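Work the whole structure out from these sequences, hints included.
Residues per chain, in single letters:
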Amino acid sequence: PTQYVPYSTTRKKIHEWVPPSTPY
Amino acid sequence: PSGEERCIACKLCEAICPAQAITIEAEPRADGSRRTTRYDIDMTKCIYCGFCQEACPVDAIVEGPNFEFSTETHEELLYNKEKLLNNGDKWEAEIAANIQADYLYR
Amino acid sequence: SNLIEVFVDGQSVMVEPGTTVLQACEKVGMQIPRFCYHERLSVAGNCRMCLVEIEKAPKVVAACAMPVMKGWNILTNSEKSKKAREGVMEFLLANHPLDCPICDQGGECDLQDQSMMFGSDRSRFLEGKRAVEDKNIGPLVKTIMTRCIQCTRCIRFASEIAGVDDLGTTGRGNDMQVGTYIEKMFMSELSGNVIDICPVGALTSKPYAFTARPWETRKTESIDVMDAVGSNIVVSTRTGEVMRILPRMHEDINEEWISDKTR
Amino acid sequence: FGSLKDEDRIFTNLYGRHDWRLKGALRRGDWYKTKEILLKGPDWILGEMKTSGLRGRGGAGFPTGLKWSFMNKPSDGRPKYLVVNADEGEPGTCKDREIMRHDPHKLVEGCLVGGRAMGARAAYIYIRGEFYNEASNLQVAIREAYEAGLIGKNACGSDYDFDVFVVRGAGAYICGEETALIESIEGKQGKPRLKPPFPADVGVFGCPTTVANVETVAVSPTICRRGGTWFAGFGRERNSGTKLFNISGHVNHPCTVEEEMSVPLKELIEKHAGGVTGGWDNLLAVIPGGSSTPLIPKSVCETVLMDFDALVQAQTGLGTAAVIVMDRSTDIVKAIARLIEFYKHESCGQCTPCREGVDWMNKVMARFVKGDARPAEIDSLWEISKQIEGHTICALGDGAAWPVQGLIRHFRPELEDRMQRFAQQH
Amino acid sequence: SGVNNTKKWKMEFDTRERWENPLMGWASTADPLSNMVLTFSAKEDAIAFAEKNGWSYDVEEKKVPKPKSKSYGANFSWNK
Amino acid sequence: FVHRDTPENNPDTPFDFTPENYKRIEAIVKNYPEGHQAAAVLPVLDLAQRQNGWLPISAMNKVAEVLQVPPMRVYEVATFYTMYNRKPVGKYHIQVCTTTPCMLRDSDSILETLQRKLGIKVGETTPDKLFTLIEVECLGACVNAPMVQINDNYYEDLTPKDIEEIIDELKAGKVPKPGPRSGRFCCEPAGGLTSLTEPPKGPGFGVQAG
Amino acid sequence: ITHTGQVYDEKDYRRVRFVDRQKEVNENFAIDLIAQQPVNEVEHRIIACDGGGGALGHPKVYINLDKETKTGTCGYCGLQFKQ
Amino acid sequence: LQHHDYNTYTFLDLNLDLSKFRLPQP
Ligand SMILES: Cc1cc2nc3c(=O)[nH]c(=O)nc-3n(C[C@H](O)[C@H](O)[C@H](O)COP(=O)(O)O)c2cc1C
Ligand code: SF4
Ligand code: SF4
Ligand code: SF4
Ligand code: SF4
Ligand code: FES
Ligand code: FES
Ligand SMILES: [Zn+2]
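Chains as they are written, first to last, in the authors' numbering: chain q, 98 to 99, 123 to 144; chain I, 107 to 212; chain G, 29 to 291; chain F, 32 to 457; chain Q, 89 to 168; chain E, 38 to 247; chain R, 31 to 113; chain s, 35 to 60.
Keep in mind that a hint or two might mislead.
Stated by the list, open to error - Heads up, simulated BS3-like pairs for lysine-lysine below, C-alpha to C-alpha not over 25 Å straight-line: (1) F:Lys417 / G:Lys110; (2) s:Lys54 / F:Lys66; (3) Q:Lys98 / G:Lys55; (4) G:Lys212 / G:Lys289; (5) E:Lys198 / E:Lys238.
As the list claims (entries may be wrong) - Simulated DEER-style distance windows between Cβ atoms: (6) F:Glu445 / G:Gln39: 49 to 57 Å; (7) R:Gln67 / I:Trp197: 21 to 29 Å; (8) I:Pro134 / R:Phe48: 52 to 60 Å; (9) R:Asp50 / Q:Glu105: 31 to 39 Å; (10) E:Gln245 / G:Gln39: 52 to 60 Å; (11) E:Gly210 / R:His74: 38 to 46 Å; (12) Q:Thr94 / R:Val72: 30 to 38 Å; (13) Q:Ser129 / I:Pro107: 50 to 58 Å; (14) E:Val159 / R:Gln67: 32 to 40 Å; (15) q:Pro98 / R:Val46: 40 to 48 Å; (16) s:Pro58 / F:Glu333: 56 to 64 Å; (17) R:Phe48 / Q:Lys140: 47 to 55 Å; (18) F:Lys417 / I:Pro107: 27 to 35 Å; (19) Q:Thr94 / G:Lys84: 33 to 41 Å.
These are computed hints drawn from the structure, not numbers from a lab.
Ideal Cβ placement from N, Cα and C applies to all residues, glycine included.
See the structure below:
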């Protein structure tokens with residue numbers, strides 16, 4: 098000629137309902 | 107060369123891998139093109155057959171020259187898209203020379 | 029009564045008068061390679077990939093079309109009916125764009141198989157290929173129609189099974205493109221069936237664009253709950269999340285079709 | 032042996048020379064025995080054509096009588112119909128443009144004479160839209176005839192009813208096809224229907240229908256007036272009767288003469304028309320039936336006689352009997368190449384073979400004219416040619432393959448040299 | 089449209105847990121009999137396998153496409 | 038074959054058959070069988086073309102409306118036939134026959150002359166939007182091979198110069214003697230009438246008995 | 031962070047992994063690299079795209095740069111072509 | 035020279051004139 125770290129790169133498959141922060 | 111990763115997630119590299127090593131899941135990138143969200147070669151599972159090198163239509167996955175990648179921990183051996191793409195960038199010059207020498211034969 | 033006897037390679041099957049040559053082969057059990065012929069869609073004869081050779085006859089006949097007559101022995105694996113398929117497959121493939129690793133009807137192609145079983149080992153089309161212009165048929169069906177083999181099953185379904193009567197052929201020659209003349213979306217229920225019915229992957233599903241590839245998909249047969257017709261459906265799951273729901277045939281409830289909502 | 036007498040020549044008004052209009056037609060005496068003929072019976076009319084043994088005057092050759100006999104079967108409650116195709120897209124068929132323009136009436140009484148033979152309720156004439164002026168002439172003629180009461184209900188003072196209509200073509204060669212003429216008449220795209228349901232049983236507006244070359248309908252009255260025998264004698268065996276011959280290209284006086292059939296090919300350019308431009312030895316090839324039929328080289332031309340079967344023995348078709356002649360001054364590789372260009376710009380695309388196959392031969396043929404393609408490709412074109420010949424839904428794919436087959440069959444050395452010429456200059 | 093995969097009967101064990109793996113996100117399964125699908129030529133033989141092996145069975149009758157009458161001439165009917 | 042709506046060519050261009058045109062429309066229908074109107078789409082589409090050469094998307098929609106057919110049905114008919122023009126057409130719209138018969142008899146010859154005279158490429162309208170040249174296929178009338186159909190005029194047997202003469206006639210004045218500008222009537226052997234030079238037999242000549 | 035922005039989160043039970051060891055992510059992300067690629071102007075209605083180098087490139091595909099409205103993009107290279 | 039001159043509507047209008055003669059529809 099003149123330490124790794126393995127991880128999943130995909131997103132969250134099943135998003136989760138978030139409860140209403142408004143109290144009732 | 108431009109900088110667009112060659113893989114287009116046809117996923118037959120996954121189909122022909124004898125050891126079930128390659129795991130690929132894909133989704134259309136915003137560009138609208140087809141790319142792999144996750145490409146994981148489990149090197150401990152891989153038996154280095156070289157069929158993936160064979161199968162790829164765009165020849166995105168290649169058997170690179172380096173044989174010295176011994177690792178202290180088992181997790182390091184599992185490789186995601188970022189390690190392989192980084193491995194690709196580091197050895198691209200020699201990989202290109204090697205494919206250049208052997209493509210007429212294939 | 030009403031039972032002609034026709035021989036499919038000398039098997040003396042007996043069929044009601046008025047059954048097509050393709051249908052006669054089916055009861056013996058043989059499959060004529062076919063494109064543009066769907067059981068619940070009108071016979072059109074566009075592809076002529078089904079040419080067979082009735083015995084003692086000068087020309088080969090169109091299976092899907094010729095009503096079988098009395099005592100005509102069909103020779104489905106003759107030296108002729110294979111040159112009548114080895115030479116048609118030459119043509120369908122000639123203008124075809126080879127983006128099979130883009131075409132998500134990769135393993136779900138009735139055109140690679142028939143090429144891979146009944147067609148030819150190599151190509152002789154040293155000339156150039158054609159290209160059509162991708163248009164918008166809506167938000168559900170992705171029409172990468174440079175793939176189209178002009179088999180007119182869409183134009184049929186879109187008129188016969190669903191009453192949309194919008195999709196149509198436009199022009200003549202090798203630039204007959206089967207897309208809406210003006211860009212009006214194909215908005216109707218029963219719309220997604222076009223995907224399932226186009227054997228080519230020209231127009232396929234846009235949400236399930238590139239999430240999977242069919243060999244991987246584990247297929248579990250279940251029931252439609254979105255609507256009360258209770259249409260039978262097959263849920264295709266990969267590594268534990270559902271990737272597609274496509275129809276599975278129930279003569280009485282959904283005969284090969286499912287709603288736009290439940291897929 | 033040709034040389035038909037002027038008297039025997041059915042289309043006297045050819046070239047005009049006699050008022051194409053009714054009063055000229057009356058001097059022609061075209062409407063002379065029409066009432067009698069219809070009175071005799073439909074069965075009497077078909078007896079006349081069966082005795083005549085007339086062959087189809089359009090590109091396809093079939094017994095005219097048997098074709099008409101097919102829809103003579105009892106009506107099933109659907110009105111039977113007559114379709115006359117005045118479209119003649121094939122190159123060299125100015126054959127029909129004459130009868131329509133010069134002698135419109137002959138065809139009008141051809142229509143009703145033919146109509147009672149098939150018991151047709153009405154006849155639609157599909158003159159190609161290109162000919163707008165031609166249309167102007169026929170309906171003027173059709174209008175005259177009804178005014179006279181020759182056509183219409185109780186036509187020609189007889190029980191029988193007939194109505195004749197003219198339909199506008201729209202520049203399509205394929206419209207000419209028998210199943211496709213119908214669909215254009217039906218108003219859908221001009222795409223040939225499939226063969227199994229023969230146009231007799233299904234057809235225009237789904238009613239029984241029959242299609243005839245305008246020459247075939249026009250020769251009907253006379254064939255009945257002169258009797259099948261008179262007409263039968265001129266022909267040769269199965270071949271019979273005079274058919275108009277059009278000679279165009281590389282001939283001193285190109286013209287359409289209705290000289291007798293079974294004419295030596297050397298004789299019709301040499302004796303009538305005009306001798307081959309440049310001499311009878313300046314004949315690289317002859318296209319007997321028009322573009323669809325294979326061209327025959329001069330070697331056999333002189334020996335050949337112009338008959339439907341004669342050409343068959345010769346591997347070529349009488350077809351529309353349009354003689355196109357090519358002197359030694361023409362690049363045949365390019366001549367036939369434009370006919371394949373003629374067919375890529377025209378085939379409907381309904382069937383896979385023709386759609387891609389004709390385009391595939393066009394691409395190879397253009398390379399062949401340049402000489403860019405290698406010698407081995409020639410055989411492929413042949414092979415591509417027969418794939419399209421037997422697999423097509425209609426005959427046009429049949430027609431596209433034959434000129435390609437002719438060029439390889441007799442002019443294979445010339446194409447190889449064009450192959451060689453380009454390879455040498457690199 | 090091929091029907092060569094609708095010919096032989098198959099008996100398939102009930103589907104079980106497929107939790108995501110924390111380190112790489114690969115699907116993980118604790119059920120051994122999941123990927124096993126045995127193929128049996130006839131309904132009677134498959135039922136026999138379940139009985140002697142002691143697995144519970146719920147056979148589903150084959151449903152084959154009903155004969156459908158087709159004829160190119162029929163759609164050309166303007167009437168209908 | 039895609040109509041991308043353009044301000045000029047799009048339905049904003051309202052289309053409606055002239056009271057006179059609509060009349061023409063109806064009679065046609067009756068020509069066809071009763072209960073059958075669809076069969077008239079072509080003839081009608083032709084009168085929309087007669088009305089206006091452009092025949093925009095708006096015009097086809099009206100045709101489908103008047104003929105009560107699926108609109109696409111009209112769109113398919115317009116696209117299949119070359120007779121219909123879906124783009125603006127030159128006032129004269131000359132078309133040159135270039136099939137082998139005409140080419141063998143020099144059809145190509147004519148083309149070069151016409152391109153120069155119109156001073157424009159083949160396939161587009163003159164700037165003056167005076168003439169439009171197109172290489173059309175066999176237009177019939179081959180015996181007379183050199184040929185150039187102009188709005189049905191169907192001039193025939195033309196030598197290069199003749200056309201220039203015709204074009205000039207078109208450019209200044211009108212009706213330039215359309216037809217074979219040759220000395221042969223309709224189609225006739227240039228030598229004469231070998232077929233029949235005698236007088237035509239009259240009515241009931243040699244009419245066979247029976 | 032990464033191509034599809036993998037972000038083991040501040041509350042995830044997996045972000046524990048990088049502690050004392052870096053993560054594998056990519057500079058010169060491809061998502062933007064072809065966007066950085068100039069539009070290949072062409073004369074012909076249709077154009078090929080060997081990917082560059084024939085056997086070493088990609089399945090050869092013919093793209094229809096027929097509408098200036100859209101620069102054809104070979105599904106393999108993501109290269110836009112400007113009619 | 036009738037052939038020599040005709041209007042764009044000759045075919046259609048002539049036909050309409052013939053409509054009266056045209057026999058009754060099916
Ligand atoms: C592509 C194609 C074009 C045709 N064009 C014509 C035509 O212009 N005129 C014609 O009379 N027949 C044409 N034919 C033949 C007709 O389909 C039909 O066989 C013929 O007109 C019947 O006339 P005859 O039976 O009286 O000879 C064509 C056939 C094909 C396949
Ligand atoms: S690696 Fe080669 S083969 Fe495996 S998916 Fe990406 S492209 Fe297809
Ligand atoms: S359709 Fe898609 S998959 Fe089937 S062949 Fe054409 S490209 Fe390859
Ligand atoms: S789209 Fe699918 S179905 Fe419609 S024609 Fe093209 S291929 Fe046949
Ligand atoms: S051959 Fe096939 S394509 Fe060519 S015209 Fe006849 S039908 Fe249409
Ligand atoms: S399958 Fe034989 S006609 Fe399409
Ligand atoms: S080819 Fe020019 S008119 Fe026949
Ligand atoms: Zn590319």
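Results for each hint:
1. F:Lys417 / G:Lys110: It holds: about 14 Å lies between the C-alpha atoms, which stays within 25 Å.
2. s:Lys54 / F:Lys66: holds (23 Å)
3. Q:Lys98 / G:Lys55: Since the Cα atoms of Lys98 of chain Q and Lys55 of chain G sit roughly 22 Å apart, the hinted pair holds (cutoff 25 Å).
4. G:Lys212 / G:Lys289: holds (20 Å)
5. E:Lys198 / E:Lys238: The given pair, whose Cα atoms are some 41 Å apart, is violated under the 25 Å limit.
6. F:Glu445 / G:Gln39: 49 to 57 Å: Hint holds: Cβ distance 51 Å, inside 49 to 57 Å.
7. R:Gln67 / I:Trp197: 21 to 29 Å: holds (23 Å)
8. I:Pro134 / R:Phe48: 52 to 60 Å: violated (29 Å)
9. R:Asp50 / Q:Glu105: 31 to 39 Å: holds (33 Å)
10. E:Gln245 / G:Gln39: 52 to 60 Å: Holds, at about 57 Å.
11. E:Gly210 / R:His74: 38 to 46 Å: holds (42 Å)
12. Q:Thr94 / R:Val72: 30 to 38 Å: Given about 48 Å between the Cβ atoms, the range is violated.
13. Q:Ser129 / I:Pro107: 50 to 58 Å: holds (55 Å)
14. E:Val159 / R:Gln67: 32 to 40 Å: Holds - the Cβ-Cβ distance for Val159 of chain E and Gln67 of chain R, about 37 Å, lies within 32 to 40 Å.
15. q:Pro98 / R:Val46: 40 to 48 Å: Given range 40 to 48 Å: holds, Cβ gap about 42 Å.
16. s:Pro58 / F:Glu333: 56 to 64 Å: For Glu333 of chain F against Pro58 of chain s, whose Cβ atoms are near 57 Å apart, the range 56 to 64 Å holds.
17. R:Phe48 / Q:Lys140: 47 to 55 Å: Distance hint for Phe48 of chain R, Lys140 of chain Q holds at roughly 54 Å.
18. F:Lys417 / I:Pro107: 27 to 35 Å: violated (46 Å)
19. Q:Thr94 / G:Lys84: 33 to 41 Å: holds (34 Å)
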